[PDB]
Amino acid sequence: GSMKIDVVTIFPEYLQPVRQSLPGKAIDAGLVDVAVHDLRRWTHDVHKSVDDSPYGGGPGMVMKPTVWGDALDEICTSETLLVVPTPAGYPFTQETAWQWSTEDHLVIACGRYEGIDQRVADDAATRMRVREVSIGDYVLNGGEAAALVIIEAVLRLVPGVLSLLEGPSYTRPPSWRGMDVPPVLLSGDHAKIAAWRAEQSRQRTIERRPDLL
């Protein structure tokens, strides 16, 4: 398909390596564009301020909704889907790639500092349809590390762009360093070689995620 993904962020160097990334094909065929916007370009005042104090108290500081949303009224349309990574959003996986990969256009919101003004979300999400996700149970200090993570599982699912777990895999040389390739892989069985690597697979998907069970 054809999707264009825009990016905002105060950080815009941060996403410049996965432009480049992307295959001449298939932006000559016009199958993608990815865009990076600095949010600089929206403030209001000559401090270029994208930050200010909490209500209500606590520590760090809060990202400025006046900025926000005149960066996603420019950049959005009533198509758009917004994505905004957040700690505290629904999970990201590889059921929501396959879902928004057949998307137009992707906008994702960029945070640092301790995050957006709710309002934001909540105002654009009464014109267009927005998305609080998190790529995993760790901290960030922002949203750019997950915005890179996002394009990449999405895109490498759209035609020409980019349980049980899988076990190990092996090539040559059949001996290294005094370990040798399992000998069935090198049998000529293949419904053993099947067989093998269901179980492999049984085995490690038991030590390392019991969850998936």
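So that the term is clear: the rigid core is the largest set of C-alpha atoms that superpose within 1.5 Å between two forms. Residue numbers count along the first chain shown, from 1. Compared with the form deposited in another entry:
- The only C-alpha among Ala26, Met63, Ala153, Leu39 that moves by 2 Å or more between the two forms, given a superposition on the rigid core, is that of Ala26.
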The other form holds:
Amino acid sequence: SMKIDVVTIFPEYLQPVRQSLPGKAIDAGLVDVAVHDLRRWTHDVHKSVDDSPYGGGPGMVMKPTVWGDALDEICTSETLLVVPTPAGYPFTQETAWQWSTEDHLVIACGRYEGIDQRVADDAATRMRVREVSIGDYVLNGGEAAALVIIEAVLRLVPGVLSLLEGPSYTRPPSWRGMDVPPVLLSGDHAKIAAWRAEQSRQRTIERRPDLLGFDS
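Structure of the form deposited in another entry, given the form deposited in one PDB entry:
For this one, just the chain is written down, with no partner chains and no other molecules.
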């Protein structure tokens, strides 16, 4: 039984949560996901969540006042506050396993430019805070990163049921003149294991040499 709160200025964008793995998890009552519009915690008539950065630079920074009020209401001392950001620690499969046993995740989604640093500083006096990057590409905002984190974590939650995977095949055994590798049809568990290992080796060394401790 896990609770996930997502805070965003684009709550309708978190709707893809409702299908696939996360939707089934919610429907089965293993997790509850609640999405909050950040502007709920604004008090000016224009619902302003951002302002220009001190020191200059392009873009805007999300205001600490609004985030502070939001997180005051949503978070407790047991909360794990997740802040997706291009400047975060890497989010890995190990991170996913670690967070899969948490009672309460709060995910704060900002734009790329980011949230005033003092929000995370202030929250860390009260709760555990993790700023993480899902990758070294650039998104407009944290919302898509939130969906990725949620999907990676939820599939590891109890109750929701190295080397690259090599190629996989299914019926029919010949298709457009391309045959499935005969060893896979042979029913020889040993030779199949050997073949799959060799395929995975070739693929990892070609596509992800870093996984085996090589350059690039």
